[PDB]
Structure formats: structure tokens, C-alpha cells
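This document starts with one chain, in the form deposited without ligand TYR, laid out as C-alpha cells.
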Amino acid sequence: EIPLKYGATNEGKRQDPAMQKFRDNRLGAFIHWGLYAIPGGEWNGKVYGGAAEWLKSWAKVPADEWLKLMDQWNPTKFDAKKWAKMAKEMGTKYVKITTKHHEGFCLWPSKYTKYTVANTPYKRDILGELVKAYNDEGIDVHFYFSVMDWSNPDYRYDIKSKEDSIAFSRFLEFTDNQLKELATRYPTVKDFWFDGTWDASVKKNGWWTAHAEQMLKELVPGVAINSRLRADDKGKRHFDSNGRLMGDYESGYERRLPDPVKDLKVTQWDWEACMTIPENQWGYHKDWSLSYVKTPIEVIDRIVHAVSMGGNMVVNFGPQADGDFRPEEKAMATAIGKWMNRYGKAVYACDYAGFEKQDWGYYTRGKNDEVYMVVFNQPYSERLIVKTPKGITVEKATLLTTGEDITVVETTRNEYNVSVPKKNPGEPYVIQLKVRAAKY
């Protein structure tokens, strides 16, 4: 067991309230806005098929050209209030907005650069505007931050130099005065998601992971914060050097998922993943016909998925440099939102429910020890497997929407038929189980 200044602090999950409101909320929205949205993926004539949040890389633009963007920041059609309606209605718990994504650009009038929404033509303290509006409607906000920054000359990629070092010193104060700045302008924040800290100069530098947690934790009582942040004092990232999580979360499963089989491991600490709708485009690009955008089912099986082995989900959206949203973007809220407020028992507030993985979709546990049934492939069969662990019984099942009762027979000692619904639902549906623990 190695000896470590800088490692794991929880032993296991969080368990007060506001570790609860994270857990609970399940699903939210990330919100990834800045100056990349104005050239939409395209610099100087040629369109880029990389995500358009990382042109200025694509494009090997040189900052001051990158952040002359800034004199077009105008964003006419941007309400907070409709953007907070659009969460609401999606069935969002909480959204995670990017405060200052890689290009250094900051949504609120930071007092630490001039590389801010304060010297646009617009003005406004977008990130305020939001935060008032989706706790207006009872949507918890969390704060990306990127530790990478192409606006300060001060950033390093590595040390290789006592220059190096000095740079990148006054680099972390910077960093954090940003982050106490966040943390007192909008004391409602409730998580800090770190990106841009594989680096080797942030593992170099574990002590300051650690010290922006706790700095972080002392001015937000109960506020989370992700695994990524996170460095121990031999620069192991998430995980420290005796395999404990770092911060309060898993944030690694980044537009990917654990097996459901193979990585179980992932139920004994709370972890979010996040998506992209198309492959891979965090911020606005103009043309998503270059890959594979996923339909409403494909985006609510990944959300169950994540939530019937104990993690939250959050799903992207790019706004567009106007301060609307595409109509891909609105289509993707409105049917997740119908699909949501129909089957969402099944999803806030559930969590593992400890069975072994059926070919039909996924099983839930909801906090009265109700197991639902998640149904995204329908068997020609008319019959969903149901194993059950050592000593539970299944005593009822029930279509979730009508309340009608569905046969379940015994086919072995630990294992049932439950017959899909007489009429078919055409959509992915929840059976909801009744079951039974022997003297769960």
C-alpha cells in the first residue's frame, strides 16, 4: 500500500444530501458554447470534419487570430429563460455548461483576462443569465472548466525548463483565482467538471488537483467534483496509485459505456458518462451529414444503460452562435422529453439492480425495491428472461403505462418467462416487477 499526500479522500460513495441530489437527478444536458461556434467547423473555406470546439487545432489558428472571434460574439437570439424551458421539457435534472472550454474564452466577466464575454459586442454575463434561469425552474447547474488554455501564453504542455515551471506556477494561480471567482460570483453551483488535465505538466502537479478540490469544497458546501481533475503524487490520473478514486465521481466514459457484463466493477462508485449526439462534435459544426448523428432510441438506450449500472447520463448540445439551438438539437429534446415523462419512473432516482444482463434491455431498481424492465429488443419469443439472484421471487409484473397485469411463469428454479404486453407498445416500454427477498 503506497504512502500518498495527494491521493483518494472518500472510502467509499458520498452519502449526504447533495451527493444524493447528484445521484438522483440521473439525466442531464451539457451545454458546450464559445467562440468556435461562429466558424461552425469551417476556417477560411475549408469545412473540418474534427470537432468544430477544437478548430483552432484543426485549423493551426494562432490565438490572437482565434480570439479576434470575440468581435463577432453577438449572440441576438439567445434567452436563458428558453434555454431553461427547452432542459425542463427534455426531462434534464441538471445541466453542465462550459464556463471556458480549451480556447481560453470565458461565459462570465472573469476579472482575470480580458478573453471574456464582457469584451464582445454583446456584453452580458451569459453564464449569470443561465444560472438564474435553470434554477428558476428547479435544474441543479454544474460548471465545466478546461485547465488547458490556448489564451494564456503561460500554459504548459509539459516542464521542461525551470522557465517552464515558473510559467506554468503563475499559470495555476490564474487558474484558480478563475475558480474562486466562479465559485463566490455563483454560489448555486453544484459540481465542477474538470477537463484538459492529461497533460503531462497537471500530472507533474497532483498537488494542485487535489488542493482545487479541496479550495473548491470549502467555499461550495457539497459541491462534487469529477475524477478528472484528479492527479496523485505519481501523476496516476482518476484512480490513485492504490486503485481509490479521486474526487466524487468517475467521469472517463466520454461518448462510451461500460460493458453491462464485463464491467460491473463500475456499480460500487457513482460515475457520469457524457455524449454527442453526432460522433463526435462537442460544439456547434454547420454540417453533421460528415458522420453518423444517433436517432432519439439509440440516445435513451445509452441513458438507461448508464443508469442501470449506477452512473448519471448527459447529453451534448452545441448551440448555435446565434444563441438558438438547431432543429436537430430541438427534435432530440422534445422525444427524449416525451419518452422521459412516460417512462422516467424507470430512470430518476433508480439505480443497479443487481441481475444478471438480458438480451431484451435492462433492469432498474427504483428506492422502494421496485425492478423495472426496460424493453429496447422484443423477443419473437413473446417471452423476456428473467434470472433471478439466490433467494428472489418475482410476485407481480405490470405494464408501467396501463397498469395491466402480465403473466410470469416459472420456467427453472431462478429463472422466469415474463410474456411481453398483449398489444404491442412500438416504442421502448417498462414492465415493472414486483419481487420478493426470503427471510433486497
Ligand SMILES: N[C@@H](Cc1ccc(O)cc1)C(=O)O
Contents of the next structure:
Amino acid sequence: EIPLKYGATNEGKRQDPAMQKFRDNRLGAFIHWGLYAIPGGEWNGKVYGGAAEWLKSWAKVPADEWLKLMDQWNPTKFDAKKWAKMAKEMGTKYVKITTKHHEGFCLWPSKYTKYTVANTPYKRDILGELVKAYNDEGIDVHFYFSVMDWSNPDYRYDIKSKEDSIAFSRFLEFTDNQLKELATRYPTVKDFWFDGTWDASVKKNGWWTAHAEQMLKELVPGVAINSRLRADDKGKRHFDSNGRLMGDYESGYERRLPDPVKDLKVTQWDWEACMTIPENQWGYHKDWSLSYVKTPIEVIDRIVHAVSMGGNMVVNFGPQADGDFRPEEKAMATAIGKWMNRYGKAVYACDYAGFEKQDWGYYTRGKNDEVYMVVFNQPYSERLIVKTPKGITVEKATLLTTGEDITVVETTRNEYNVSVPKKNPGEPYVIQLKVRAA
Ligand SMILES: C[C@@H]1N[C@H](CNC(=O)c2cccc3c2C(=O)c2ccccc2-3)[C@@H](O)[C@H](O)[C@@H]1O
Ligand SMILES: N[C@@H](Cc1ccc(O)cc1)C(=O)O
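Could you give the coordinates for the form deposited with ligand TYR bound, as opposed to the form deposited without ligand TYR above?
Okay, now the whole complex, with that chain kicking things off.
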């Protein structure tokens, strides 16, 4: 056991009502919106294939010239109530919003920098408007915050000199200032999700990551903080030197997921995955034809996969520069919402079931020890194999959307065939199981 001043603060999972709400929510939306939405991946007549929110980097745009995009920031179609309605209809229980991305442009009118929505033609507090509108629909709001900031020259990727140390200290104070500000202006914030924390400068300043977490928890009672922020005394990131999760939940499953057989370790801690609809675009990119674009069922599969392994999933949207959503995103939100309305009982407030993974889909476990079978792959055999842990029996099976009774047949020791339904539900569907221990 290695002694640490700034290692993990939680032992096991938090179970206060704030964390249980964070967990029960399960399905989130991500909003990446900033100046990058104006060029939409194109600069000086070249369309760049990389992620649009990184266009400053791909097109090698100097800060002062990138930040002039502010003179074109005028999202006249923006209506926060309509954004919140689109979220509510999708079934999203929370939204994670880029308060500021790597570019450093702020969606709220910060007093600590001029690179904010206040100094645009639109002028309005986009963030405040969203927080209110989402909250009025019953949707929790989480703040994405990039520590790395391309707009502040005091930022340093590493500390290799007295000059570096002096500058980066000014940068941490500035960061501190923005964080206190966000927490005090928007006290309904439920989470801060730090990103752009990978540089050696943050690793050397692990003390600060611990301070930021503690500062925010005092200012916002119950607030969640992600593991990405954190490094310990030894410079060890995410999980401390004693193997313990730092922050409140693990956050490294970005555009990927743990394996349902090999990675059951993730069930021991809270965690949240995120994903894009195209292969790798968070902010608005004008041309989605340049990579593969996931269909709604492919996205739902990923959502259910996360919940089946005790994790949340956050699906990204990159709104247009005019304040509206592209057609592909509207279609996606609508399709997810249609599905969650019918089958969300197997997602919201659900968790890892402890059953061996089967080919037809995923198990999830409800608050009242219900076990849901979520079927993505329909067997031609008309039989869904269920292997139970030792000492566990299956008693009933019911179609979730029709109440229709479902045959259960014992096939061997600890194994059942659960019949499918008489009519193919025709999309991924859900069977609830009653189970009994010894
Ligand atoms: C949500 C997205 N986060 C990006 C930065 N993070 C990464 O690209 C990333 C991708 C996969 C895994 C990780 C990361 C990442 O930083 C990170 C830190 C610690 C553990 C795992 C990861 C940003 O660069 C993107 O613009 C977008 O905001
Ligand atoms: N573990 C529960 C039974 C159970 C097991 C797995 C489940 O997915 C649900 C319920 C008990 O001790 O009674």
C-alpha cells in the first residue's frame, strides 16, 4: 500500500442520491458547439478529413486568425427550448455541453477572457439558455471543459524551465477562475467532464487536479467529476498508484467499448462511454460522406452494450453554425426516442446482470432484480439460450411491449431456451425474466 496525498477519494462506487441519479440516467447526449462549426472542416478551399473541431490544427491556423471566426458567430436559428425538446424526445436524460473546447472560445460570457459569446454578433449566453431549457424538461446538464486551451499563450504542454513554470501557474489560476465561475453562475450543473488533460504539464501538476476536484465538490454539492482530470502524487493517471479509481467515474471508453466477456472488471466502478455518429467527428463537419456513419440501431446497440456492463453512454451531436441540427442528427434522435419510449425500461436505471454473454444480445438488470433480455440478433432457431449462474433459476418470460407470455424450456443444467415471440417484433426488442436464488 503506497501512501498518497492526492490519490482516490472514493472507496468503491458513490451511492449518494446525486451519483445514483448520474448512474440511473444512463443515456446522455454530447453537444460539441463552437467556432469550428462555422468553417465545418473546410479552410482556404480545402476540406479536411480529420475531426472538424480540430480544424485549427489541421489547417495550421494561428490563434488570432482562428478566433476572428467570432465575427461570424450568429446562430439565428438557435432556440434552446427546441434543443431541449429534441433531447426530451430522444430519451436523453442528460446533456454534456462543451463550455469551451480546445480552441478556448467560451459558450458563456466569462469575465476572464475576451474569447466568449459576449463578444460576438449574437451576444447571448448560449450556455445559460441551454441549462435553463434542458433543466425545465427535467434533463440534467453536465459541463465539458477542455483544460488544454489554444487561445491562452500561458498554456504549456510541458514544464522544462522557470519560464514554463511561471506561465503555467498563470494558466492554472485562469483555469481555476473559469471553473469557479461556471460553478457559481450555473449551480444546477451535475458534472464536470475534463478533457485535454493529457499533457505532461498536468501530469507534473497532479496536486492541482486533486484541488480542482475538491474545489468543485465544495462549490457544487453532489457534483460528479470524471477520471480524465486526475493524476496522483506519482504522476499516475485515472487510477491511482494503489489501483483505485480517481474521480467519481471512469471515462476512457471514447469511441470504443469494453469487451462483454473479457472486460467484466468495468462492473466494479461507475463509468461513462461516449461516441460519435460518424467515425470521428464531434463538431460540425460539412461532409459526412468522408467516413462511415452509424445507423440508429448501431447506436442503440452501443447504448445497450454500455448499460449491460454497468456504464452510461453519451451520443454526440455537432450542431450547425446557424443553431439548428443537420438532418442526419434529427433522424437519429427521433429514431432513438421511438425505441427508448417502447424499450427504455431495460436501459434507464439498469445495470450489469451477472449472466454470461450470449450471441442474441445483452442482459440488463433492473432496480427490482428484473433481468431483461435485449435481442439484437434474432435466432433462426426461435430459441434464445439462457445460461444462469449456479443457484439461479428462470421462472417467467414476457414480451415487454405486448405483455405476451413467452415459453421457457430447461435444456440442461443451468441452461434454458427462451422462446422468441410469435410475431417477430421486427426490431431489437425486450424479454423480462423473473429469477430466483437458493
Ligand atoms: C470527446 C472528444 N475528446 C477528444 C480528446 N480525447 C481523445 O481523443 C481520447 C480518445 C480516446 C481515449 C482517450 C482520449 C483521451 O483524451 C483520454 C484520456 C485518458 C484516457 C483515455 C483517453 C477531443 O480532442 C475531441 O475533440 C472530443 O472533444
Ligand atoms: N443476486 C440476487 C439474484 C439475482 C441475480 C442476478 C440478477 O441479474 C438478478 C438477481 C440475489 O441474491 O437474490
